[PDB]
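Asker: Dock chains E, F, A, B, N, H, G and J with the ligands against the given chain I, drawing on the hints supplied.
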Amino acid sequence: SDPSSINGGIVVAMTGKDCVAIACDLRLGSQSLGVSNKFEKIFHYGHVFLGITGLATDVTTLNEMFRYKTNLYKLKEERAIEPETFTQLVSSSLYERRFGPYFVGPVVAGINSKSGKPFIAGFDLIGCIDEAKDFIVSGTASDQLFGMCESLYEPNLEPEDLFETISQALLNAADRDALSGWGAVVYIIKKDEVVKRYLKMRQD
Amino acid sequence: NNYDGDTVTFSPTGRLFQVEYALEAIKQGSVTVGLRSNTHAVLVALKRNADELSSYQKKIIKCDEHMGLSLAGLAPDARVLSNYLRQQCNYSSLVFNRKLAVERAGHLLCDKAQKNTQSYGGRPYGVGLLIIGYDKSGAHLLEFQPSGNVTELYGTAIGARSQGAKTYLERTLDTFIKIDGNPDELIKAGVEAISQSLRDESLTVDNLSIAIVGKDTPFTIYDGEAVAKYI
Amino acid sequence: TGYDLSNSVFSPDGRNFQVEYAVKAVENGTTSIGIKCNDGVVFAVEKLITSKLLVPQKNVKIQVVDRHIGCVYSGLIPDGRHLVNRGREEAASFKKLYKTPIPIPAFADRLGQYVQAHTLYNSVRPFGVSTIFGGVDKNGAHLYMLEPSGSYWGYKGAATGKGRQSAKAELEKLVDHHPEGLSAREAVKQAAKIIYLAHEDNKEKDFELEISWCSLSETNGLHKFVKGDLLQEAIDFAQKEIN
Amino acid sequence: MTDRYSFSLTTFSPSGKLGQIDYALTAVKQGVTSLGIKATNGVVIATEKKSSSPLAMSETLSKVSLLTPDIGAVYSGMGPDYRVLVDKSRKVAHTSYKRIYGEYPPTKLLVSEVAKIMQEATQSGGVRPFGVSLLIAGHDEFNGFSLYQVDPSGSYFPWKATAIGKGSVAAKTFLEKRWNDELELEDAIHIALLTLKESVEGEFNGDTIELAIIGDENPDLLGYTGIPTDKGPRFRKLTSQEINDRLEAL
Amino acid sequence: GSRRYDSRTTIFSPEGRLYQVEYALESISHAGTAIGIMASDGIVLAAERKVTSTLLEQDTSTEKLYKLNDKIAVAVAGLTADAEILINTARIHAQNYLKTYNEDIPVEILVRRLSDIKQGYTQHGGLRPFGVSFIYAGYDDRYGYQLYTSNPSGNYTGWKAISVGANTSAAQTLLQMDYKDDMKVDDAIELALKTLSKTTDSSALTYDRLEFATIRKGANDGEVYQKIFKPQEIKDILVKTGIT
Amino acid sequence: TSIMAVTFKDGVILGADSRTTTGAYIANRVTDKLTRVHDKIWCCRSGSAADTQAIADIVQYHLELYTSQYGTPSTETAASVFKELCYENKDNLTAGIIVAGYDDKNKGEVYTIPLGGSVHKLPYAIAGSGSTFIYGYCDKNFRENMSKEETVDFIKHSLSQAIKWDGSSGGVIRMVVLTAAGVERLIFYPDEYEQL
Amino acid sequence: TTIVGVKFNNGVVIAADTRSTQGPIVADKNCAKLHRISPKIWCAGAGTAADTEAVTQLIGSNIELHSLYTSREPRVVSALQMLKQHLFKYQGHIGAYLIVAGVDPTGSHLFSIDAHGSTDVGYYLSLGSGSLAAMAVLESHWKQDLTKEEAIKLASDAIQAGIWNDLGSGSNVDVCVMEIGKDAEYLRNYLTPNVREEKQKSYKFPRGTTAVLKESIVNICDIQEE
Amino acid sequence: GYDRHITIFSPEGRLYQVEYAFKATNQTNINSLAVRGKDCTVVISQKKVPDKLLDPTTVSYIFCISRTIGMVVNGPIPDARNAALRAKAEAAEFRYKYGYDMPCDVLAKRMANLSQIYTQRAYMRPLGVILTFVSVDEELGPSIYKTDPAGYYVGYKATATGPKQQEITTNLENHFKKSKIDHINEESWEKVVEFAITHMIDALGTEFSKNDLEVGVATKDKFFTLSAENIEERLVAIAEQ
Amino acid sequence: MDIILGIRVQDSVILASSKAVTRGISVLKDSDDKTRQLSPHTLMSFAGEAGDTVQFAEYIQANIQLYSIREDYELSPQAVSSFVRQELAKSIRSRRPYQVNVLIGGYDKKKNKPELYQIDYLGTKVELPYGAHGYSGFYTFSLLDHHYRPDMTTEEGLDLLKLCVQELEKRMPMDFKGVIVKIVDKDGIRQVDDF
Ligand SMILES: [Cl-]
Ligand SMILES: [Mg+2]
Ligand SMILES: [Mg+2]
Ligand SMILES: [Mg+2]
Ligand SMILES: [Mg+2]
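Residue numbers (the deposited numbering), protein chains in the order written: chain I, 1 to 204; chain E, 3 to 233; chain F, 2 to 244; chain A, 1 to 250; chain B, 1 to 244; chain N, 1 to 196; chain H, 1 to 226; chain G, 2 to 242; chain J, 1 to 195.
The hints are simulated quantities; they were obtained by calculation from the structure and are not laboratory data.
Among the hints, a few may not be true.
[Said to hold, decoys possible] DEER-style ranges, computed between Cβ atoms:
#  : chain 1 : residue 1 : chain 2 : residue 2 : range
1  : N       : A180      : F       : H179      : 58 to 68 Å
2  : B       : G126      : G       : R87       : 43 to 53 Å
3  : G       : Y101      : H       : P24       : 41 to 51 Å
4  : A       : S96       : J       : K113      : 35 to 45 Å
5  : A       : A170      : F       : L6        : 40 to 50 Å
6  : G       : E208      : A       : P54       : 25 to 35 Å
7  : A       : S96       : B       : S7        : 42 to 52 Å
8  : I       : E158      : J       : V54       : 56 to 66 Å
9  : N       : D104      : A       : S52       : 45 to 55 Å
10 : A       : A170      : B       : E103      : 48 to 58 Å
11 : B       : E103      : H       : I217      : 21 to 31 Å
Where is the CB? At the ideal position from N, CA and C, for every residue including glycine.
If we strip away everything but chain I, and leave its shape as in the complex, we get:
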């Protein structure tokens, strides 16, 4: 009945020294029934990465919408959109549906190509921006993720250390949520290289 917990799933993002990380589980379900273990929730438009939790039809719709908008942006601006600018576009787009909203929890992650500064941001279903220095969480196990991140996180972690921290944050949070799991992906993002890693985890 509650649209934000029909399909399940989680996303988490973190900042490190000259890098950012964003990660998500791979489950899609119909309440109790597990339907897919390959439903990735992280997308990217140029060097800007977007994770989306919540109602899966809206996850797909918003990805298609932001691909649409960032493609037109690039054609007109003659440059790729930056994380700070894209964050405002997500907020604007969500608020235009104020009284008929998309039931989602978006998360933005990326590095500004000009300043080199790591950037992350989170939103509620209607556009309110949470721009944290440390970490952003979203999904049906957000409480669990808040608990993991608050204890595991420390500032200025090197890329390969940040990978271990965010991976352990996701995995252990997902294992305490019925509607999350069935695989996981972690993106490690540096100024001009991005590595994608699929994690081995329990499949119940």
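Answerer: For chains E, F, A, B, N, H, G and J with the ligands alone, coordinates are given in the frame of chain I:
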């Protein structure tokens, strides 16, 4: 000349030529007569055929039990205006339980015709109407022009050669106004009036159209052998 | 040239020729007048008897707006009726929102703005009437005259139609000979005389006189038609003066 | 009523000319001269304040207008047409950009929006083209400093330096001889004042000349302190005194 | 009323021609020449800017060649402002298709859509037509490399090599002479520049008077790359082909 | 709310408490409920603060535009404009307004517009939650043609009792006097009116 | 949320806490609730956080255009009128509760605004879940003719009362001072009385702790030449 | 030659309908003048009542737009009243939306923008009027802003409009060349009205009675027009020195 | 309606759909075909609210047939599934949404691969080796999770499907009157007339 292309243009002498041209269509139409006493009101109309195989074009239209008109000019325009009168008579009865006064019916027709003389895109109506009726103030006769001008009269005529009938009624004024409680004699006076406008042709059984309304007489139209009595 | 073929076009003079042509239709119409008296206004009009077949006293020309305003006009009669219909809508909406009956200066501008609006576009034709109107409100009596251009002013006396020059001269005499003012009953008598005198420009056909008035003392500030004995008395006074 | 002019008033003639656009350009040609010069560290736009009467207060008539904090505009041609275009340009910078992306548009894209409005007045029903040419100067993070010309047709072109209106042909020749890619902003202002003197008949001072720059950020004109990333507008209109100081070193 | 001032932009002549379309084509014949050549391994777009100035900022300037998406580009001949209206519409159509079907829009479908928009202005609305002719260069996985043109009438046709704008009669004859089916991109680059060099109304063909673009599968493995040439890169290819 | 308006010999006086509540919390203890819609036409507001502020702003706009065209509006006219808004939007509004004004021709007038949007011209009017407790007192103590000092005392004593018994009412007693002489604001503090 | 506004000698000061919640969970520990309508008109928002931000930016945008149109610096009464009419029209569905303060050519001003469109005037105001705690402090220590230093002190003390006593409020105090004839000074994190203590343990993992199935490079670059 | 009938460009880049609207402006044959004092703004205009049948109290070309703003019009009365009604509606709406009184210069800009639209849109004709707005603005002080059929507007130290505007303009120019200040250095508005009437008499070369003039005065927080008896008192003071 | 199943094997996609139509109290029909051919190599089965199912399926069919004629080209299964998803995602925020769940089985002639897409009435799309809607998956997925191989033949897929239907007939309370089975491969669409 340069000022007759549309109804939205005055001439240098302050004339509206499109309205005057619409008035001309009435003069080409067949003659119809209207006259009244204090108890009854009568319409007499000369119907026109296309040829010997054709029917004679109807000239009189009923608007309500107490009101109706006769036409001269563009017949489809009379259908539009009579339909509007039927609706207005009907609105008055349904909403106010009131029979629409003949004078008020004239005011409504004036205002409807006026809007077509001051706006771009439209055109004036190309028909003249004679409205008779019996209401709370007795018998009435009205003459409508598509310029918007509506006039209350004892008697009148419109159409081709209508001047002959109009002069006759102007002479007979004192006689026919006194024909109270005698429908047949009032119609006789109307048939004699329309006869002053005939040339070459005479009033036959499928040529003549008569209508009457009065104190205890609903608006009724007579055609065919029903008018042989008056030929 | 061609500046006079379309409404709302400025000529090289800065003139709207279509509005000036509408004035020609007004000048072609019958004579109508208005007289401002001590506590009200009087309106009168010439009605040409085209034929004996016209029913006397039936084709009424003067029109009431609300219950306190009278309107008379010369030119295209249907155009005048259209303007009065709008005036009645304006007066109704004013009273609906503000409760009090529309003041005469307020009513004047409502007609003025509407007539002016018909000089702004080529998709409409200007009004072919000059309208004399007025009545009594909380600040007293008011008389106005409104032209095809939308132009209007307040008047002590007003006249329009074919016999306007004759009428104006008669009105000017009354203003000079009565600086203190004219009574309502006097104004009715004078209005009858002026129409009879102005009928010389239309002397071919005979006519019918029609008078109305609004007076604080005589009609309680309501618009009424002059009828019966008071009308005959005014006709007699008028006939005596022309002989 | 109703607008019954739903058809184009600008149409192709047998020779392929769009008459109304050509005639609009003729109106621009009669207009007072305005110019723009781009330097390495800024842009300058300038024009003459042709006062219609000495009783008129010409400071109340702004020929050089701020569109965004980092973008300014000047014109040649019909003043009233310019004024409404400035209103529309200021609004479209918000409605079609700032309310979406949370930042002011880059110069080239605001120019693109103004151009679109001018193009539509050339094709839409019942309207004439705008009788102005615009010079729009601005700065943005990724494109740097830039200068654009927009014409009645809606066409726009980027310039290193240019002039429009009355004495544009002579002014453009003057600018070709003086412009190089190593000019500092003060050098460009100096050249602007020299160029503008040639097309001005009467008084030539700070009160008869209108001049503005796109240069360094002005934290003193921001109106608030406390946010490090907000450093103030790059658009600045020079005062009457500031112009006169540079007319002594002329 | 208003009828007096109506030019009636959407009527036939007695000969069955559309006045405004014909006159718009007359306008386009004075625009700078644009050429498109299709090869087996790519497409070339070359176009001449109209009598420029030394003070024009060329490296940030665009009047001829526009990107519609990553696979399709257009060369413009006519009113630049009119072209940008249509270009923006085409960019939106391409994205609408991508959102709906999750595949890049086939070249012809985009061309047909823009051409239908042009057609509408000739049949209804009483507005003037767009004074623009396009050359469409694009790639999709159905027909591969494709060249199209459209004009103010809304008619479109496919080509191996084509020109629009000024001196198309002379340009088309030169292309018809030297074009061969087994031609390669590097050869097509040379043909396009040689044709412009001969048909130009200017005294000589230099880098500052040109816009240039290639669409190549010269992108690392089975994918397509668009290359809008920079001023220095146009200068180099002019020296390489021996024109300057 | 405890609001009232009272006509007297020289004109009319409006009175009000200053308490605005959200449940039992006093969101504002120094509220001004006496509101100017024209120079010498004011109103007392009761009900939803959003609604009555929105209505009063629209009326002020209407009377400002009336004045520019037709000169000073009557108190009856101001009451009519209030009524039109309250009657036509009765489904969506919770507003109880008392309109008071001074003409030179009509002198002091009071109109009350309750929930339904009806209009009632009265010698004096009381409204708001606190008015229930002073129907008896006001009916017994009101006289026509009182002096300024008597009317100030009548309102002060009346609203004192309304405040004493109604928890929703309180704070200071504000008053606005409307006469030929002009517009005078009065304020009375708790230490004054509580000992009455 | 706790937000306050306090008038003083030559201007007005507003303050706010920095905690934003989603039920009982703290979403952001250092949230920015002081919003800029114009350079010298600032407002603080409680209620639906997207609404307070959205309504502030819309009116702020229209205020900027109005300022350019009229060639005048924006007025607080204009921001107030535009905000209340917008909120009334939406009948309380836009859940924005605002304290609007600022300086303009008319002087210094302080207003509050409820979500339904009603406004009020005052020398001291408070809004949000911690408004009762804050108002207790304001009613205890407010006086007429406060100095700038006294008003900043009173405003932050009122926010502290909300921080310590209201569960809906916490973390830091943000302040903005608007004085007549001066630039508005935004003091972000004016007080920081809630820094977390050092943890007992480091939770940095040994590298290779997480089990991995597949690795791959993600192509973020555009289609390449040659 | 339909480029002369509607507002489209002629081959010279001119708008003839706009130019002809400027000519309609002088159809009333009335001259107006406006000046600024220290605390006030004064506007005077000729009053001509050619018909004895007219009520002279209703003949006026000065309008009270708002409490603070006054407007004098040069042009036919129908177009004048059209502009007046619209200005009144705009001023009232402004106060409702933005919570403060519409400034004189802002209203002028708004009416000028409306005029600009009539010069660009074909279906609407220009109004054949010139509008002079006056007030004592709360930010800018005494203010004169004038609008025309081209959509042009600007502020003025002083201004004149009508058939004989040039004579009045030069007279005013010469005075301000002497004084070297942007206003009439006088405390009371009565003396600023006396200055305005005196310099109109000098420029036109005609004497005025109380019924030949029409006067409007703007002070802080109100604009008002003078009665015939107030003007008479002004004329008496002028004659007595 | 009730049970719809799908399985993608080596070289084909197999769709199985129940034959029963029940109007509350009575079974009105036992031979109903709950499928529509969208294009020569694309089949769509459906289940949901009465009326809306057939109305939606035929509407989609008409649109894909229109595209095929306009372009003289068959859309890929991926492209068709995306079009269908968008229509349902549009529908869910309408005045009265389509209450319809679909499976799309297609053979991509370009990639020479079978493809199975599962889309629910909200517009939730997933590509799967095997799928179902309603309660069908609750009974059959444990069997498919055990026996499924990506290199299965069509005959092995039909046998695994028979085991799924047998489990449904055993443990489901409703009588769905058997299933109609259709195969989608490189040669097009055909019906298995004995199952
Ligand atoms: Cl505007
Ligand atoms: Mg789990
Ligand atoms: Mg499990
Ligand atoms: Mg109490
Ligand atoms: Mg026009």
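Asker: Within 41 to 51 Å: is that where the Cβ-Cβ distance between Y101 (chain G) and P24 (chain H) falls?
Answerer: Since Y101 (chain G) and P24 (chain H) have Cβ atoms about 44 Å apart, the given range 41 to 51 Å holds.
Asker: If you check the beta carbons of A180 (chain N) and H179 (chain F), does the distance land in 58 to 68 Å?
Answerer: With Cβ atoms ~36 Å apart, the hint is violated.
Asker: Between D104 (chain N) and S52 (chain A), does the C-beta distance stay in 45 to 55 Å?
Answerer: holds (48 Å)
Asker: Against the range 48 to 58 Å, how does the distance between the Cβ atoms of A170 (chain A) and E103 (chain B) compare: consistent or not?
Answerer: Given a distance of about 57 Å, which is inside 48 to 58 Å, the answer is holds.
Asker: If you check the beta carbons of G126 (chain B) and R87 (chain G), does the distance land in 43 to 53 Å?
Answerer: With Cβ atoms ~31 Å apart, the hint is violated.
Asker: Assuming the hint says 56 to 66 Å, is it satisfied by the Cβ distance from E158 (chain I) to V54 (chain J) or not?
Answerer: holds (60 Å)
Asker: Given the hint of 25 to 35 Å, check if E208 (chain G) and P54 (chain A) actually sit that far apart at their C-beta atoms.
Answerer: At roughly 29 Å between Cβ atoms, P54 (chain A) and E208 (chain G) fall inside 25 to 35 Å, so the hint holds.
Asker: Is 21 to 31 Å right for how far apart the beta carbons of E103 (chain B) and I217 (chain H) are?
Answerer: Since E103 (chain B) and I217 (chain H) have Cβ atoms about 25 Å apart, the given range 21 to 31 Å holds.
Asker: Please check whether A170 (chain A) and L6 (chain F) have a Cβ separation lying inside 40 to 50 Å.
Answerer: With a Cβ separation near 45 Å, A170 (chain A) and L6 (chain F) satisfy 40 to 50 Å, so the hint holds.
Asker: Given the range 35 to 45 Å, decide if the beta-carbon distance of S96 (chain A) to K113 (chain J) lies inside it.
Answerer: Given about 44 Å between the Cβ atoms, the range holds.
Asker: Lying within 42 to 52 Å: is that true of the beta-carbon distance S96 (chain A) to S7 (chain B)?
Answerer: Distance hint for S96 (chain A), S7 (chain B) is violated at roughly 32 Å.
Checked against the numbered hints given earlier, the structure breaks hints 1, 2 and 7 and satisfies all the rest.
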